[PDB]
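Here's the letter readout for the chains.
Number of protein chains: 2
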Amino acid sequence: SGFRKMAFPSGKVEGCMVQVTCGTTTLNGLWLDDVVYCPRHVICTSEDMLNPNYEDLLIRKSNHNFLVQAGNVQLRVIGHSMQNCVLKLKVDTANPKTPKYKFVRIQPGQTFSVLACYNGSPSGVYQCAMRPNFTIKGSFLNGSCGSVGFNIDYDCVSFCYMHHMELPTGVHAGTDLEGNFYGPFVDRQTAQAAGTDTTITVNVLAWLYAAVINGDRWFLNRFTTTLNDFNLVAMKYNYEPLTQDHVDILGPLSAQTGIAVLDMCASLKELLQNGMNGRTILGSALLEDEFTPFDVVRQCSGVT
Amino acid sequence: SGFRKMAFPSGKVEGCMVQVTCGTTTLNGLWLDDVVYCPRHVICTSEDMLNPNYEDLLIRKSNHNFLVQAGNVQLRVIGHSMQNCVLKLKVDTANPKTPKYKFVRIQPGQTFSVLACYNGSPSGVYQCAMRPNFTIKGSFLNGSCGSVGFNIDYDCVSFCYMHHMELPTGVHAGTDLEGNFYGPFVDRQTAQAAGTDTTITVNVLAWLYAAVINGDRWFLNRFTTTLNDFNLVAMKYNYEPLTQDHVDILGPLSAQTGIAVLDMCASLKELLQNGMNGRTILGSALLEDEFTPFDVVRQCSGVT
Ligand SMILES: C[C@@]1(C(=O)Nc2nncn2C2CC2)CCOc2ccccc21
Ligand SMILES: C[C@@]1(C(=O)Nc2nncn2C2CC2)CCOc2ccccc21
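Chains as they are written, first to last, in PDB author numbering: chain A, 1 to 304; chain A', 1 to 304. A prime marks a further copy of an entry chain.
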């Protein structure tokens with residue numbers, strides 16, 4: 001037992017991190033097969049970021065201007081193209097460590113692991129969620145752009161995120177591996193404010209189920225509620241509305257614990273209305289929303 | 001910017017995980033050079049755990065009774081010995097993926113990453129701290145024994161922990177890689193209760209410095225305190241006493257932020273006495289103590 005904010009093992013993704021340099025700018029690239037993926041802002045100076053015309057800035061770049069280094073060995077760049085906000089650099093060598101992989105675009109509320117990198121080298125791994133306002137709250141310093149977010153299904157790495165930007169509020173923005181930004185964000189040094197960061201209700205309920213499985217039961221009460229009644233409270237507390245799809249997804253956790261989904265909603269409702277009163281749930285003093293119901297099942301069963 | 005509970009990249013340790021089976025019991029082993037390290041309780045039945053005589057149980061075991069599998073390939077066991085609470089299985093093949101490594105015994109308050117494993121396969125990675133009562137609060141199910149805790153200094157993995165046990169309270173106990181338990185715990189299914197789980201004061205102060213660096217400054221006040229005055233409050237709140245050694249260790253964070261160590265102690269004192277009042281610091285509603293001052297510097301500078 002015990003329940004932790006766990007990230008996927010990062011080895012398969014570490015084998016893909018390379019360093020990409022264009023002019024004075026160095027960031028991270030993802031090397032899969034004979035292609036290196038990186039944020040297109042690698043071609044910009046700090047001055048260009050205010051109002052970059054990426055197509056025009058890219059005409060001045062040739063294959064030899066993109067320096068790609070995998071560990072301490074240089075990769076030969078034989079092609080380059082821009083797909084949305086990422087550059088795809090064709091190299092003459094397939095990455096020998098390329099794992100089985102997919103490029104997926106996740107939904108808000110979904111979680112993933114980030115392998116934070118600097119100069120193509122991994123610094124650490126942590127678990128994130130795509131917020132309902134399409135930002136992530138990561139740990140990213142200068143040089144961390146090009147670090148990726150991913151999930152793993154046994155031996156297949158599903159890449160879902162590539163880091164590009166830090167908003168003036170300290171939150172993070174990026175793209176899927178096709179270069180499309182999550183949310184309305186653009187790769188330009190301009191006023192971009194995030195919308196309401198609501199709480200991922202289905203994730204909190206999944207985490208309440210993990211708490212019951214792992215022995216933290218104080219918050220369980222004698223009440224029940226309905227989806228409509230719960231959602232009035234959820235609205236008031238800036239929580240995502242709960243749908244019948246969410247109830248269905250929580251079905252296995254409900255079955256394993258014997259606590260009906262709406263009963264757990266009534267427990268959550270009282271926690272919202274009354275607070276924790278100085279108590280904790282799974283070592284946290286706030287309601288955690290960065291575990292999906294699939295993460296809870298995975299961790300509570302021991303999936304590898 | 002942004003600050004996260006970050007674990008080290010696990011690739012180097014994933015390359016060392018093997019499966020060890022003895023009789024009906026399967027757990028994890030750590031393969032470094034031509035030795036596989038695992039908890040000695042691999043030789044026990046569930047019945048043996050009540051009062052095992054490890055030397056006597058081990059006489060009935062031969063090299064061929066320890067089945068070691070690295071991925072899907074069997075390793076030939078050519079020697080076996082017991083060192084304290086671990087077994088060292090000599091195999092005929094050096095692990096080709098053995099990283100540069102050390103075996104270190106950490107102090108309470110120190111943090112490390114755990115690569116939770118099942119049947120020699122990695123399931124996830126998370127950051128831990130050796131609690132002041134010598135327990136860890138991990139996420140460990142049946143079959144996770146033999147999973148290891150570690151730190152990394154560039155390319156050198158310092159192994160500090162091997163998982164062995166779950167106490168009836170849901171907390172975890174284990175050994176360093178020489179097989180010596182942290183704390184007073186023994187590998188026997190018996191009444192073992194942990195002592196006071198105090199808060200690692202120097203870690204909380206380090207995390208308050210990370211919060212100021214990353215923009216969360218509301219808790220900064222107009223006060224100062226002394227070590228002796230701070231420690232009276234720390235005692236009342238079950239916090240570890242702060243020593244001049246801790247003040248010295250926080251020196252670089254104090255320098256970087258311009259906030260004297262004792263001023264931050266006065267901020268911590270008011271947080272203890274007054275609570276958070278429904279506010280958060282780095283997305284947490286409790287004072288976090290699982291970041292050392294070295295972890296804060298590492299993450300805030302981008303060490304790889
Ligand atoms: C490259 C840059 C950026 O945000 N980098 C970044 N990302 N996460 C963290 N950091 C560092 C600031 C800490 C700089 C600001 O202008 C922009 C504008 C758009 C896209 C990127 C960027
Ligand atoms: C093997 C065992 C154990 O605690 N295993 C373990 N460790 N972390 C998690 N789990 C599973 C229980 C979930 C079982 C109980 O008796 C003992 C007694 C001593 C040492 C080990 C053990």
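It should be emphasised that the hints constitute simulated quantities derived from the structure, not laboratory data. Hints are not guaranteed to be accurate.
Any copy, or any two copies together, can satisfy a pair, since identical chains are not distinguished.
Said to hold, decoys possible - In silico EDC-like cross-links for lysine to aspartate or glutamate, where the CA-CA straight-line distance does not exceed 20 angstroms: (1) 137 to 216; (2) 61 to 245; (3) 97 to 166; (4) 97 to 155; (5) 88 to 155; (6) 137 to 34; (7) 90 to 48; (8) 236 to 155; (9) 88 to 153.
Results for each hint:
1. With identical chains, the CA atoms of residue 137 and residue 216 are at most 20 angstroms apart between copies only, with a shortest distance of 14 angstroms across copies and 27 angstroms within one.
2. Proximity of residue 61 and residue 245 under a CA criterion of 20 angstroms is satisfied in neither setting, with 48 angstroms inside one chain copy and 53 angstroms between copies.
3. Taking the shortest Cα distances, residue 97 and residue 166 never come within 20 angstroms of each other, neither inside one copy (30 angstroms) nor across copies (37 angstroms).
4. When the C-alpha separation of residue 97 and residue 155 is checked against a cutoff of 20 angstroms, the pair qualifies both within a copy, at 12 angstroms, and between copies, at 18 angstroms.
5. Taking the closest pair of Cα atoms, residue 88 and residue 155 never come within 20 angstroms of each other, the shortest separation being 24 angstroms inside a single copy and 29 angstroms across copies.
6. Taking identical chains as interchangeable, the C-alpha atoms of residue 137 and residue 34 are never at most 20 angstroms apart, the minima being 31 angstroms within one chain and 43 angstroms between chains.
7. In this assembly of identical chains, residue 90 and residue 48 lie within 20 angstroms of each other by CA distance neither inside one copy nor across copies; the values are 25 angstroms within and 59 angstroms between.
8. Proximity of residue 236 and residue 155 under a CA criterion of 20 angstroms is satisfied in neither setting, with 42 angstroms inside one chain copy and 50 angstroms between copies.
9. In this homomeric assembly, residue 88 and residue 153 never come within 20 angstroms of each other (Cα to Cα): the closest approach is 25 angstroms inside a single copy and 32 angstroms across copies.
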